[PDB]
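Shown here is one chain on its own, the form solved without the partner chain, set out as structure tokens.
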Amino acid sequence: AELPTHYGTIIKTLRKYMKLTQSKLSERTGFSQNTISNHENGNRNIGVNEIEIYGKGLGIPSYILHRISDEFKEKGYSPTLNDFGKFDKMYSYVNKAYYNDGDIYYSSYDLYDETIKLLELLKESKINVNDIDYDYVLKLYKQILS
């Protein structure tokens, strides 16, 4: 099957955020450089099973792409994509907590929703995501999962 064309835009936006050229993303997915260009522009369709390959190449689990797409479908843009730098920084701590803390591993529900909820808590507290550390995130994460 084929996906919405907007996955190409999502990949192009994320590729740029990751500071990867099309050539580097090719040497990270096995898609030719020209094929990456064609996916991004909508000249070729992206496979359902191809997003998995892109996620690995971008260093991102595929659900994040799927979650971003669902926002486009509802709102006509993605607030998460538009603020991805903050999402990525919070996600780094969420990912660490999930893979290193048994209480989080076995109590987490939806890691995407939890990353968004943690960002909302920081915004309420007027805290910059660049100023936090893992210990602090883990305290907030345990609280949202309580």
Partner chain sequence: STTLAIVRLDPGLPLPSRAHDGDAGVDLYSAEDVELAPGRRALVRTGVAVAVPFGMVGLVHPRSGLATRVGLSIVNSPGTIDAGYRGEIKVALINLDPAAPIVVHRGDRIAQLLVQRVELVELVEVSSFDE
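Residue numbers count along the first chain shown, from 1. Just so we're on the same page, rigid core means the largest C-alpha set that superposes within 1.5 Å between forms. Compared with the form deposited with the partner chain bound:
Here the rigid core is superposed between these two forms, and of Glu27, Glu52, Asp70, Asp101 the C-alpha of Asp101 is the only one to shift by 2 Å or more.
Superimposing on the larger rigid part's C-alpha atoms between these two forms leaves the smaller part rotated by 15 degrees.
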Second form
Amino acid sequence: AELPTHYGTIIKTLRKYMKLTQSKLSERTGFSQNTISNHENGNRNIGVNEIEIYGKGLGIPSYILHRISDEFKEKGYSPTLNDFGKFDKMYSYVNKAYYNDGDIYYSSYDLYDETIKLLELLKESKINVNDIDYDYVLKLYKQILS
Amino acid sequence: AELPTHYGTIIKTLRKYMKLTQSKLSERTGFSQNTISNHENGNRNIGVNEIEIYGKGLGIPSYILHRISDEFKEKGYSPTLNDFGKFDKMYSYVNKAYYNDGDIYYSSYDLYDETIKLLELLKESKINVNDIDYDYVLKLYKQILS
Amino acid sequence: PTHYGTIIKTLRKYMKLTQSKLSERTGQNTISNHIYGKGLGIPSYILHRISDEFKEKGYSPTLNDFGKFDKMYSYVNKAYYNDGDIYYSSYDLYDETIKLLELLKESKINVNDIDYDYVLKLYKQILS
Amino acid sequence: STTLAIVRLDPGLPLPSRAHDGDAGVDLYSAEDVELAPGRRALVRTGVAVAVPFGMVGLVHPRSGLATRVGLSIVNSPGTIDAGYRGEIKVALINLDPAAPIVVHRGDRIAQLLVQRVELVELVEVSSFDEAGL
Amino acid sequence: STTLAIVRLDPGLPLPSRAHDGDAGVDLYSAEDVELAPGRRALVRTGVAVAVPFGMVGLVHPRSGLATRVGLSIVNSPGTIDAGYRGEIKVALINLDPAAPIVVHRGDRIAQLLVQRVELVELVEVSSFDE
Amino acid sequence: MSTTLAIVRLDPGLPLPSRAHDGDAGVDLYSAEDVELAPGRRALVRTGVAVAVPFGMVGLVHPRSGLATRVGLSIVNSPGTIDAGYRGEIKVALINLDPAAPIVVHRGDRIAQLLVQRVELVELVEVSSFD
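Form deposited with the partner chain bound structure, per the form solved without the partner chain context:
So here's everything in the complex, that chain up top.
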């Protein structure tokens, strides 16, 4: 099995956002600089096996990578990857709500879809994800599960 | 958090019924004669994890401690506490039915309430709990579980 | 419980090993009118299953032809542990084996002269 | 090599058995014929009692076959068998098909019995989890 | 010997408690009065929150009494409490009887909590089973 | 060290089940197909995965609450058992316990979680009566 070439663009963008060198990313995954190098350029395609290993190395769940790759196949690029800091802020709020609140734990379908939906509402409302507190997110999350 | 003083009266009454000195209940719970006396009189209220330790020391499941309490909160006293010898005999049968008979184990709602009902019926037929055997209780016990 | 003697013996006679052959294993020796397992010679599940057919019909057609069974069971097992269609739809592999041997006998087809794929097709059919 | 004592309260039925070595369950059998109409339930005897060792729990599961094919389920799934319980194992069967009745006969496999370890934990109230850990 | 730390969100209900020495679970009370019409369901607060140790799981089983007698089951049985979870424990009740409504009373025991070790297995993808 | 669980992907279009947080009992299973369940209807639903449950252990398929609470989506045989010898596709027997509202399950949706747990492979010893 071999993945499409846009995965290499996903790993490049997410290595640079997580502030890791090729060398640092190597030490974590086990891949040599050369491997990561070609992967990030499109000299080689990332093995289906390997994407799990990259996810653990970056410290990003593999299914996030997959959902970001699905955006590529559809829209030709990825709006989640281009605004990854915003998704990351909201996703940690969404994640904390799920583990601390009973109106969430027992009602969630998909943390990713809910993360994306809270983000879309804040944009409609012209509100930045850094200018709100957890208490505000929770009240808005409860709405979308209700 | 503290339980509302009536647990004091409940433990003292049950400790006396259990033919226990403050020494025996002290050498079992870890509480000093001083703390048991201040619980039993009302000076100190019984913490929520203290009622669990008392139950174990007395040899009574805390659930009965909580349901006797509930009697007080409604009526102003506990018929069950007043007559706890009639109740202890019946409950030991009820307990033996449940753990040893398919018709009871799978059909039972509340061991406490079912012991109440079986007394009412022995009472209203003018029979003594001290007169009857396991087999008579069981027959009647199977009836009330329909 | 004496019915098992026939079973233990018949399994030996079928198993192509002498008394001494099985009489050296897990301890004529201590075999009289002759379950701990005959060195797990056959899973005790089957020995107890053949026993159960004695208490329903006087005999066991399964033991009467253990040759044909052992082949079919091994197939029915492969299908169970490897096919999603079988695993979620099976009711009892022993019974389902007996049913497949039943159908094969009336079609005058031999167990030893058949492949898994054939049996798997039939199997899927009896389960639907 | 842990041991589960079991009494055939009904001798006409087979002894529950482990089909293969790695298999989690042993099939239980109905002692009685029951017809369940769509939606209806019934408490059916299996004609066995078991001695679940202290520190363990017995678990009664529904079996995939009847579940997928005719909608046969257990209301209180999974059935919890306490280590103190010495009476007959019973199974609360419900028919979850909307139209077809289900007819269980004496001797049919109606459940898997699993035996697992359980933590016999003691419940301590804390002010808040923040103070006592996460 | 293991201690499950628990927070009583609802101080009006007693700490749940293992009724008999070897019993596998501890009943959870309803914190609310509910009526379930046939085939209808309800998420019901139990007035507690727990800290399942890392390497264990919370498991919410339905009570055999309510289910046979009255058809009261749990939709997501057995309900998983993850070790990470620190919210109020709730029970997804459902009336699986075709005609009789069920009434739950604040105070009623309406489920039992088990706690078990769980293999926190490492998934590793392979191409084909060589096993 | 930790216990390995080997997993194959009979359908590579789906992402690999993953353990979101360190001590989460289960890993979510995704649906391999689109399905409409009308009220009281059920379906056996492929997930595009096979597993190698270690000997001594058992795969258990639990319902995701939320689907259960909000649309009454359950599992007929809950909790579904994977034996250590099984190597075929995990399929989930889903059912609609809501009486009015059809349920639509999209390929790629999270329809169940897989726990692995140790199981006592007990020896049955028949006896006359007890001790």
